Amino acid sequence: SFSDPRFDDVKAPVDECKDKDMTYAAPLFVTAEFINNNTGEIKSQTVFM
Amino acid sequence: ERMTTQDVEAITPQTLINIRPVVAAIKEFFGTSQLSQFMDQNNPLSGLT
Amino acid sequence: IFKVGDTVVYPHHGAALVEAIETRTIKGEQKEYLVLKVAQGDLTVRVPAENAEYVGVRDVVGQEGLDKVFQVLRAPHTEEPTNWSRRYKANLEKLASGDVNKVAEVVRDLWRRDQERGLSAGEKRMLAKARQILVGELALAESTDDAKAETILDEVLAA
Numbered sequence: 106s107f108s109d110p111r112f113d114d115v116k117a118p119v120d121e122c123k124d125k126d127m128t129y130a131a132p133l134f135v136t137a138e139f140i141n142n143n144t145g146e147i148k149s150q151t152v153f154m
Numbered sequence: 402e403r404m405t406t407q408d409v410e411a412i413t414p415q416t417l418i419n420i421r422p423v424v425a426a427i428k429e430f431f432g433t434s435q436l437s438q439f440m441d442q443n444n445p446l447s448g449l450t
Numbered sequence: 002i003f004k005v006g007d008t009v010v011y012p013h014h015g016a017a018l019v020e021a022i023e024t025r026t027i028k029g030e031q032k033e034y035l036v037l038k039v040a041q042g043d044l045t046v047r048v049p050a051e052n053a054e055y056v057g058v059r060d061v062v063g064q065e066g067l068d069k070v071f072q073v074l075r076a077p078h079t080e081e082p083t084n085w086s087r088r089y090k091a092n093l094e095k096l097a098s099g100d101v102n103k104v105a106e107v108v109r110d111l112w113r114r115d116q117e118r119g120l121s122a123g124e125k126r127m128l129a130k131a132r133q134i135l136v137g138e139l140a141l142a143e144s145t146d147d148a149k150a151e152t153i154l155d156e157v158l159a160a
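Chains as they are written, first to last, in PDB author numbering: chain C, 106 to 154; chain B, 402 to 450; chain H, 2 to 160.
Hints in this document: simulated from the structure, not taken from any laboratory. Ideal Cβ positions, reconstructed from N, Cα and C, are used throughout, including at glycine. There is no bait here: all hints are sound.
Distance ranges between label pairs, derived from CB positions:
1) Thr151/C / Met404/B: 14 to 22 Å
2) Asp109/C / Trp85/H: 41 to 49 Å
3) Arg111/C / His78/H: 51 to 59 Å
4) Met440/B / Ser106/C: 36 to 44 Å
5) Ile153/H / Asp113/C: 34 to 42 Å
6) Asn142/C / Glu81/H: 32 to 40 Å
7) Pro110/C / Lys125/H: 30 to 38 Å
8) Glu30/H / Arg111/C: 31 to 39 Å
9) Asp441/B / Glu138/C: 43 to 51 Å
10) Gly448/B / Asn141/C: 47 to 55 Å
11) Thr151/C / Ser434/B: 24 to 32 Å
Required output: the full structure, derived from the provided sequences and hints.
Encoded structure:
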């Protein structure tokens, strides 16, 4: 399963990205969740998307 | 696919999720698509328009 | 059997800290889950205490344990199948067992190999994962500080 999209801040400002040819972006963090039915667990993380 | 071939009681969403086809789709949208157009700014009016 | 704050060991992820005994019900049945997190993968696992031993969570290993595997780590005579594919699948299953004796066998065999030959990328990763989980296990077994446990494990390999 997936839940809760969440950003960080941007990694570099506008003018610095435009100068150094970086794409002005920001990371996606998604709380994933793996569940086994037969034994019964949850496997929750924060996956860099 | 790898929900089956991976062995149970060993795996986690860090080992399941592949973010490489996700990031590739965004990069091939913003690059090389006929709606991701090049910003036509020879004056503020065309920049707005 | 399980209390809060216990540095309990869990396959394949090494030792872990229990955080709470969760009463998260399912189908009107308040199972006694236990939120349990490791440091490496940054993941939190909830397991019912009934089948906790069926999934195989297990207490931190005492002293008989240390020399037991040491003795396994200081065990001579160990040889393997000649084709390395059988070797790889066999000790892969040995690491998949997660038993401390078998993990110690795997790391000392692979240490005797790469000390001798210089092996492989896959076999190097095979050593690295097993070394990491075994070092975390002994570093919370004797409770002696991951880097210091690395140093004493490098001490016992040369024998």
